[PDB]
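Questions regarding the structure given below will be posed in turn.
One protein chain omitted, others in place.
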Amino acid sequence: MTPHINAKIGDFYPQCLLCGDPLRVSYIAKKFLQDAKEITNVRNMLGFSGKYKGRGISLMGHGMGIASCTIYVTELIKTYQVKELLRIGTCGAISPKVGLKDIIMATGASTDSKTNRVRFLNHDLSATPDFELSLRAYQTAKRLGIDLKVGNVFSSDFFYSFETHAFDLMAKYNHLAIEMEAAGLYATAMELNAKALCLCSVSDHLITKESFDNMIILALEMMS
Amino acid sequence: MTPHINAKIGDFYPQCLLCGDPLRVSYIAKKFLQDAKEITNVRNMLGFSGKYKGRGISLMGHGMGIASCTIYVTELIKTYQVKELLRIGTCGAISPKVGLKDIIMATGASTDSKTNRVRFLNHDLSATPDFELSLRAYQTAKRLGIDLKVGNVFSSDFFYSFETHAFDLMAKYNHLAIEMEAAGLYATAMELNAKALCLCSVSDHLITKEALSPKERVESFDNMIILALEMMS
Amino acid sequence: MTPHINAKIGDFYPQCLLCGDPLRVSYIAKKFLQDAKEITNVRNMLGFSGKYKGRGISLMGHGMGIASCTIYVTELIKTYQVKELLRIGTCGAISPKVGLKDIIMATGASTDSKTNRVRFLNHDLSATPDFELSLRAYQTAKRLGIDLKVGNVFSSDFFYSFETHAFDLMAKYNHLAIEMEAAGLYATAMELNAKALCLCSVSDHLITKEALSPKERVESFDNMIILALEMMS
Amino acid sequence: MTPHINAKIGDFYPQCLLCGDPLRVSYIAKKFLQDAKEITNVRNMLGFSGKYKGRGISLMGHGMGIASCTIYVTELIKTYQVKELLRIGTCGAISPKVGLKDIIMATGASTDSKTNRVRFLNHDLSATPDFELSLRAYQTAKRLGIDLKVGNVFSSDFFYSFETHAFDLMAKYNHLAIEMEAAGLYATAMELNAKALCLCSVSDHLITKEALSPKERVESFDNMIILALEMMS
Amino acid sequence: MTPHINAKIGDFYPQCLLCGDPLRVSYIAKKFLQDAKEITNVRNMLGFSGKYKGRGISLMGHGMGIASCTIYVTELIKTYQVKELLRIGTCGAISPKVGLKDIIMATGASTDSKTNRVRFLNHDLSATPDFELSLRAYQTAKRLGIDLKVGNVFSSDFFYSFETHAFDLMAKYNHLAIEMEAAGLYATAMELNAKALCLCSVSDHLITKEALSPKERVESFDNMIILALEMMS
Partner (left out) sequence: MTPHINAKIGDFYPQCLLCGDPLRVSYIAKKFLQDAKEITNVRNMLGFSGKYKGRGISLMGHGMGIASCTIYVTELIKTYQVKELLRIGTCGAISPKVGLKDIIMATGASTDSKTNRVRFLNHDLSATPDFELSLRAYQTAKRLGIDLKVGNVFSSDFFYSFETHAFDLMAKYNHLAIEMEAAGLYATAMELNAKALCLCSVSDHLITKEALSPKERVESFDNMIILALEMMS
């Protein structure tokens, strides 16, 4: 076990969905999985294992911020042998190319964190997902009739930003939304030779100021 | 209200104890507070309001890491008018001068985060607590008989460090332990003109190599909890 | 009629193949492009327009290094109205998952350059290609039987590196090879709302030191050239 | 015997007051010490030993700027076995919470220097004083009826700043004044396991534009001096 | 022999004139050299050897940008035994001290590149030419009657800058013009213990927006070419 997860070794399936909110994790388990079982609950951060169309899938909460997400993903990969990690979170849109409830696939995750400079020789790590997973998401979305928005996200250490004047420039450079974990998810899976992908649903639009079941079904179907 | 707290304005007393683990927040509520009332629970991050020896105090969980801690502390100060914030967390020791279950008062919080450079002109912000709260901690601990170790902590973005070779250097510069929130709590309270202090109890020793169970991280630290409650009385 | 291109507006088709070496650009025009016409030649950096399976395609040399690549790509987009930019080049392998003659599709381009920090608020810009273009490359490679390797590249300001001790760490973080332009092409295309993708053929293995002979170098690369022309038509 | 101090080993008491200005060091020796003795004079940077109310105490100049301070402090600790170093300097106020001639105790020293990143892994070192000395100063100030302001200072490489637009942000983050050595004093004493503290009296008010004269910066701060001598007794 | 130069070892003279544009290299070979042989042409990047008024000298193109220039200079020094490198080229004026057609000798080259921090301990490398070459340029221009402006240049990674708002500041600090290679040339010559100098001629004024005609760009730089060739004699 670990300081942060109290599941037995082997309780996690090799494919795992991730959200920051452990209550969204619990919602998915109850609504979409058969024979769901809570397997961890340290710090109220819940994880579950269960079945979707007969196939095992795990769920795990990772909290908020790159440092929190990195703890849980590192342990899922190294201790619990998880191979495929699909984050399904929320984000604040900053681009006119997306609207409320749109699903974004993050093909790159920029950041204001120092974590990847520490990891990567003080240079610029382009934090990216596994390509096969990104291709799988695109094809799965197509057969579900979901319109996938695709681009970069900006993973910030700040929910309440001190650089809101720079949102336009981020959007100019194909950043569709801001969240707070993807660059850490991506860098950790790169570090540990695992397959990761971030999808986020737009819950706020930061420019225009304006029930993610479709993203959940997308994630479950691409793990089938 | 706020995106991460569903208490209404006025639910928090202006003095608030803080832990990363909302279950520790839950444990302190049930055991030490009379008429404890759960006042927030978004994302399972629990907060409480209750009285301690007749004086009202609040409790709030802040999650793990500077980014998580900053969200909750910002919201407590700006929206819930919390005035004094006392973090009582855990940490990993990197100094021979401390052992398991020792209490550390962080008079400075160094960091490998970029957050304070972003806040502070790309310069070095020396993240520090409110001196009056630190003096209270020292005096209260003296009165209670608690041996308070005082020094810097290092607030890291990494629980699993890529720089374990640097631990002796950190300890040479008076860093007693590593945790992951103090520099953010301190900078946020500095930004927002509030009073903050970080106390942390040693749950791991990174040199003599020990570690405490997740249960033990809630249960073996009543000394630090009582010290915090007494400071706020 | 930019400082570095003397074509007229309208001489470039909206899809353009890019190489650092203008002589390779010339090779492609003479071997593959019907009705190939030279349209620019400032600094001996040649560009061409022609047709491949009935579709208009342009070709342009960009020289070596992010700064050189950035000049040409900026001018192609902002003056000559190029919308899709497909770069093919060579690279030096640093990963045990790729070998000589492999074709790599760069789904991200890390860098030791300061250019993207200058462009992007002194933060970390994750320099990435257009997804629909990468989709086309994968689908076309499968169709042509090419076993496309997919991962990051590291775009360096140094051909002769001062950090060869870091190659294993780059390879651990899914960098398959080093070249010197992709981070620049990707960031310029992101800035200017254009669709770009980089493919590179492994001519040299920086770890084992194996290297293609000149005849091998042109034996392969022809496949990469066909891939690029096929995905653009 | 160092390049910068020509005292003999054993001339310094373990407790030493420090000023940047050696003529203030001279002023203190002549006015407040019995049996005072000039023990060093290299580069006109004077130091003295003598008694204050029967008790031995040393005084030493450290010049202006972190690099100068670090030289003298390093030598006082490593060569002359000084254990307690109390700086009593001057500063320029940037916060409305203080005025001319107020005394400030620096519970942290932010900086625009690169020295602490060089010392400390290119991370953020929170340069802080020894807590027991800081406790000593608060208690003695109270005991003497001296009003003592407490907060951070910002130690800059610049007397003539290029970032005066940033002073309000500094003041917002609890920086009461700007001086040029405390960060280096603090980090050197952390490096070398010594006890250090910085007090500074406001000699310039950067928001209203007052500036005392050179004569005045030596003679107008007797309360800070008496405070320092008292906490060393 | 080298990946980017296909001359035989010994084909270059120890003194080599450098220019970014290989067609300008060819122009110099035609108008100023006798018995000139083109000795290298990889990537259309021409180099020559021949006689300037009876004295053997070489010419070599280096492309655009620090990374491109560093490749060619490194190969000239380490493989082809070049000892004195004189670089000429154009620049964009940012100071009121220079105007169109002025020749600038760069006694320092500042930069927005990360390359010298990678080279030099992440500190500030002051990239400078060989002094004897600068003195020889100064005496040769005086003798030839050529007015030589002397100061710093700024070597940018960006031909199309994102920091045009900063040009006045660069000019205040004695940056007369912007180009894209000198900082790399100087750092490379310093690494490899070779002598190097950069002259540049103002073809464009980035402030007043004046520019030379197409004819003038062909014909106005002969005085700089002659100065270079003469100081190699």
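Labels A, B, C, D and E are assigned to the chains in the order they are written; within every chain, residues are numbered from 1.
In this section, a contact is a pair of C-beta atoms (placed from the backbone, for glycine too) under 8 Å apart; a residue touches a chain by one contact, two chains touch by 3 or more.
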Within the entire complex, the undisplayed chain is in contact with D, E
Full-complex touch with the removed chain, picking from D:40, D:49, D:58 or D:68, is D:68
Contacting the left-out chain: of B:81, B:122 or B:233, that is B:122
Cross-chain touch to the chain not pictured, restricted to E:8, E:53, E:55 or E:123, is E:123
Residues of chain E touching the missing chain are 105, 107-113, 116-117, 119-121, 123-128, 131-132, 134-135, 138, 150-152, 163, 166, 169-170, 172-174, 183, 187, 190-191, 193
Where chain D meets the left-out chain, the residues are 3-4, 20-23, 42-46, 61, 63-68, 70-71, 74, 112-115, 118-119, 156-160, 162-163, 180, 203-204, 211, 214, 217
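Rule of thumb we're sticking to: only the chains that are shown with their structure count from here on.
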Those chains that touch chain D and also touch chain C are none
Across the interface between the identical copies chain B and chain D, with over half of residue numbers shared counting as same and under half as different, the residues used are same
Per-chain C-alpha mean nearest global C-alpha mean belongs to chain A
Chain B to chain C, mean C-alpha position gap in Å, rounds to 50
For the pair chain A and chain D, the C-alpha centroid-to-centroid distance in angstrom is 50
Chain A residues touching 2+ other chains are 112-113, 119, 122, 163
Contact graph of the chains (line, ring, star, complete, other): line
